[PDB]
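Using the hints, position chains B, C, D, E, F, G, H and I against chain A.
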Amino acid sequence: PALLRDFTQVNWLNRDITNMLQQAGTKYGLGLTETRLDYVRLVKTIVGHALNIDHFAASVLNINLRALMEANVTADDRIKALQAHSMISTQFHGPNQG
Amino acid sequence: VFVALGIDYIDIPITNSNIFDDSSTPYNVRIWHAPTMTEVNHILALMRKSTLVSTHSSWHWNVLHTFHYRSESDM
Amino acid sequence: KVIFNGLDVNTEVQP
Amino acid sequence: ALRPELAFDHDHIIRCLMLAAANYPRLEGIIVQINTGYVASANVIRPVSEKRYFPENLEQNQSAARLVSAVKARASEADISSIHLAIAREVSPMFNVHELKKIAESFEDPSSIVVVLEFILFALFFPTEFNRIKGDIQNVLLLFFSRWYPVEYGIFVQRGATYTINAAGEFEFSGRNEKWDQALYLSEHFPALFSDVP
Amino acid sequence: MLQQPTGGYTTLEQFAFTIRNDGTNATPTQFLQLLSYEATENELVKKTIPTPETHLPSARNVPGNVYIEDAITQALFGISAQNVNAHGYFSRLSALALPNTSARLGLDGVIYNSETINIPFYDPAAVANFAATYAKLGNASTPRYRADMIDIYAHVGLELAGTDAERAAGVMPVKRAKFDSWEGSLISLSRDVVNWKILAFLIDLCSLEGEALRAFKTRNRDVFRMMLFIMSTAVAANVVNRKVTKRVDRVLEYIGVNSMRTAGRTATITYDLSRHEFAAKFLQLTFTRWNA
Amino acid sequence: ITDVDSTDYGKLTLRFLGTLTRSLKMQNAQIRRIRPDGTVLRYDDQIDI
Amino acid sequence: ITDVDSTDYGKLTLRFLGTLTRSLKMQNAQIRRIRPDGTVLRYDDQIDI
Amino acid sequence: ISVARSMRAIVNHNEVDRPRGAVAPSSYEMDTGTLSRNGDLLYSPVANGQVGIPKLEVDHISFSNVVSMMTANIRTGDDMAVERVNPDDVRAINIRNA
Amino acid sequence: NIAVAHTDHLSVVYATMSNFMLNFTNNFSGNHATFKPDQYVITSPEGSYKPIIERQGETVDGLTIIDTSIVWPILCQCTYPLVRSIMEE
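Protein chains in written order, with this note's numbering: chain A, 1 to 98; chain B, 1001 to 1075; chain C, 2001 to 2015; chain D, 3001 to 3198; chain E, 4001 to 4292; chain F, 5001 to 5049; chain G, 6001 to 6049; chain H, 7001 to 7098; chain I, 8001 to 8089.
Since the hints were made in silico from the structure, they are not lab data. Hints may contain errors.
[Said to hold, decoys possible] Using 20 Å as the maximum straight-line C-alpha spacing, the simulated EDC-like pairs for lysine to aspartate or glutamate come out as follows:
(1) B:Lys1049 with B:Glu1072
(2) A:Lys44 with E:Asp4108
(3) E:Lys4243 with E:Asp4108
(4) C:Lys2001 with H:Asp7059
(5) A:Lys80 with B:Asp1008
(6) I:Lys8036 with F:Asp5048
(7) E:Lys4243 with E:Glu4183
(8) E:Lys4197 with A:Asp77
(9) A:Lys27 with H:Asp7059
[Claimed, not checked] Computed far set for chain E versus chain B, every beta-carbon distance over 10 Å:
(10) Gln4004
(11) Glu4013
(12) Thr4029
(13) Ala4147
(14) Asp4148
(15) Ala4165
(16) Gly4184
(17) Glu4211
(18) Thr4286
Even for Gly, the Cβ is constructed at its ideal location relative to N, Cα and C.
One chain only, chain A, in its complex shape:
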């Protein structure tokens, strides 16, 4: 609804919307709110966009990405599973994706 501001013919609506948006307590936005980059690659990894979405689904999605990011385990950890299923003192090399 906040996009209707200064863009809808219905005056009272645009007045009430402009009022709620001009409150200190509320502030709409749309797009790239934040950008976390790699500490080594320096490329962006996890962005944070302000989508037009219900907070419930946004909260589920965020729980998921959080579960992925805060685990601090990478693909490289898979070699441990391999090291378990391969003959003792087998070696595993590369690629250190990080």
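Frame of chain A, contents of chains B, C, D, E, F, G, H and I only:
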């Protein structure tokens, strides 16, 4: 021997005091690589996460050692 | 055998 | 005799090079490709069909099979481009920190000494590139020393696996064994096996 | 650069520490009023805390701006964090420890390698003091330097549950905390805490000296106690609710006893072993600083 | 416009991570020696060229 | 309603198992050691995982 | 009825300044707020020195939110390749003491 | 048998190659015990930071990983102009 082996511990079988009985030993002792007191604290705290182990108030050779019993009754 | 500057990869771990 | 052209801008070409090294990945490979071409034109080494790896006729000998397999394990076939690349890499600037192609050796058989020799030879023919990969080779050497000289390995690793030079140049060893990573090449740390400290 | 006041950075309204409660932004002190303690037969006695190691871990050459506040607050109170030692970016604090470093620690809680525009940051002297102790979070995992993770919680108990007589004595009965509670209370508490800008609290804890420091310890004691509370729920052996006539009393047992549990539970955040080593080290350093 | 091949510029050509793109923005950038700690050192005519 | 995804080896292990589950009650089902005497033990913080 | 209602009569009456009974969208529908450090969604703070009220804490719907999302640089769940190196001699492999 | 071809020829090639216009870094000082490369970045107050030397892992160029075994063909499978009727310009 630990630095030379790269292991964190060795697990020595215990002697039966009479040399005639050959019966399987109740437990074995595990010598740990813990040169500092802090390493010992860590090994003890991890030790409380795992079954059927116990240790002396202080250890010989001043090296931490933990008994691991093959059964509850042996303990 | 042959010189190869890259890692000589030869398996694929699944996720 | 005055050439009517602009002077070669040292101060500017150097900045543009630093900028390229920072932003442009191909640069390393470009510079190398020059030196390789030079080695190729210097016509200094040529690969040949006749391998000379073993004395006659120990390769035929039965007792030597473990050692022979150990050498054939390491003996790459000669390829001109790969050798020219080696000689060239010795003088070309490094931008991405070079990693050792890892060796699996566990140093049980005496023949495992071959890997050590493969490193010693690398130290000689290419002291520079060896200097880049030396911590990564120290990881293999430590597997060697822990086997062949466990008591010495004990005292040595007890001094520490690495060190840092301080003000006035004195070494400060880690006091703690830990694996080297090339992530450490850009750090203050040095592999301790190369300290040459008695 | 943000100037540090005569009181700590915490005196600024910008760094308020406030959990959600009863539909309002309650301060930690007025949440801790809700806490009540059932003493049991066991006794906590606080051992002298070993002095933290002199060594400051190397900050490995890291081009990036490491988000350290997020790393720390997640390692202590994060719902989902684990393997908080595999990455080893806490060592990065040591980069700030040097006199006249080009690095600055932003209010964002990120460690920039160079001063950068439009990013406010703590006064480098104060941060140098803070890093000189908290870089040692970097050796939380290193075998030579791991903190005791059993004994330290006694102090947690004493500082959380302990009555002024018990805190004076250095010994309190092991207590079982309780409070009237909302659904999912410990989680929401733990996350209201995770969002806290604790770097303010720590930088004031390390830079301040004299009367101004001691006045900090009293002003911020309840905050520190809230961190201690989230942490204690993280290690509490069990956490039940009790029906209390159309009301519910959350009950965590026990304060000051690290159960060393690692399996997760819906009721509270859970420490993986790495998080236990980390929290132990953090407690060692912060308590060492809280008593001086 | 100037007929240069800017391919792979401002990029990483990793074998396993694939190609990656860093920001080309660097207003007022300077060549500076860094500490092994990774932080910048103030320019010193004594050692830096 | 939820026809779960499965690899072909999983379909094979499914059919191998490979049928009814309904016989078990599961109301507040827990995993616990029983004594060989047959009494059901409480969770031991030191013995059970 | 119409617990689900958000807006009503988006039209403008030609006599009175707003239609009787026309209702503006709740301000909460437009406060994108912020993703917290915990990955919990928060409404914008209502005053300086106040933290934002988390969105899940209260019953109002919020139709803009900050979802974290991984970029093209991340990629999880892709198969990854390694060199495997078999032990040179089976009889050299040790089991105990570990 | 090969030492002359190295020390008395290929060494000269290294020497001149060192003077090439693009060999612009100091690569080593002959002291394994102390040498570290000088490190530079392009940094701006506006917050850019581009190390000239980075550890990114194996690159597509195929120049990062080093097979030390290249040493073997060089020793036991390579003619040189100084080493092998043996006149050769």
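Going down the list of hints, with the structure as the test:
Taken as a hint, the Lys1049 of chain B and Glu1072 of chain B pair is honoured in the structure, with Cα atoms around 16 Å apart against an allowance of 20 Å. About 18 Å separates the Cα atoms of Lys44 of chain A and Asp4108 of chain E, which keeps this hinted pair within 20 Å; it holds. For the suggested pair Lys4243 of chain E and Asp4108 of chain E, the alpha carbons sit about 42 Å apart, so the restraint of at most 20 Å is broken. Under the criterion of a C-alpha separation no larger than 20 Å, the hint pairing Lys2001 of chain C with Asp7059 of chain H is inconsistent with the structure, at around 69 Å.
For the proposed pair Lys80 of chain A and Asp1008 of chain B, the alpha carbon gap of about 18 Å is at most 20 Å, so the pair holds. A hinted pair counts as satisfied when its Cα atoms are at most 20 Å apart, and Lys8036 of chain I with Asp5048 of chain F qualifies at roughly 15 Å. About 13 Å separates the Cα atoms of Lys4243 of chain E and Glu4183 of chain E, which keeps this hinted pair within 20 Å; it holds. This hinted pair does not check out: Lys4197 of chain E and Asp77 of chain A have alpha carbons roughly 32 Å apart, beyond 20 Å.
Straight-line distance between C-alpha atoms of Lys27 of chain A and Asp7059 of chain H comes to about 19 Å, which keeps the hinted pair within the 20 Å bound. Every CB of chain B is more than 10 Å from the CB of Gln4004 of chain E (nearest about 34 Å), matching its label as outside the interface. Chain B leaves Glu4013 of chain E outside its interface by the beta-carbon criterion, the shortest separation being 41 Å against a cut-off of 10 Å. For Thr4029 of chain E, the condition that its CB be more than 10 Å from all CB atoms of chain B holds, with the nearest at approximately 33 Å.
Against the 10 Å criterion, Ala4147 of chain E falls within the reach of chain B, whose nearest CB is about 8 Å from its own CB. With a closest Cβ-Cβ approach of about 5 Å to chain B, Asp4148 of chain E is found to fall inside the 10 Å limit, against its non-interface label. With a closest Cβ-Cβ approach of about 30 Å to chain B, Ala4165 of chain E is found to remain outside the 10 Å limit, as its non-interface label requires. No beta-carbon of chain B is positioned within 10 Å of the beta-carbon of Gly4184 of chain E; the least distance is around 28 Å.
For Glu4211 of chain E, the requirement that its beta carbon stay farther than 10 Å from each beta carbon of chain B is met, with the minimum near 35 Å. Remark: the non-interface label on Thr4286 of chain E is consistent with the geometry, its nearest Cβ contact in chain B lying 18 Å away (cut-off 10 Å).
Comparing the model with each earlier hint shows violations of hints 3, 4, 8, 13 and 14; every other hint is respected.
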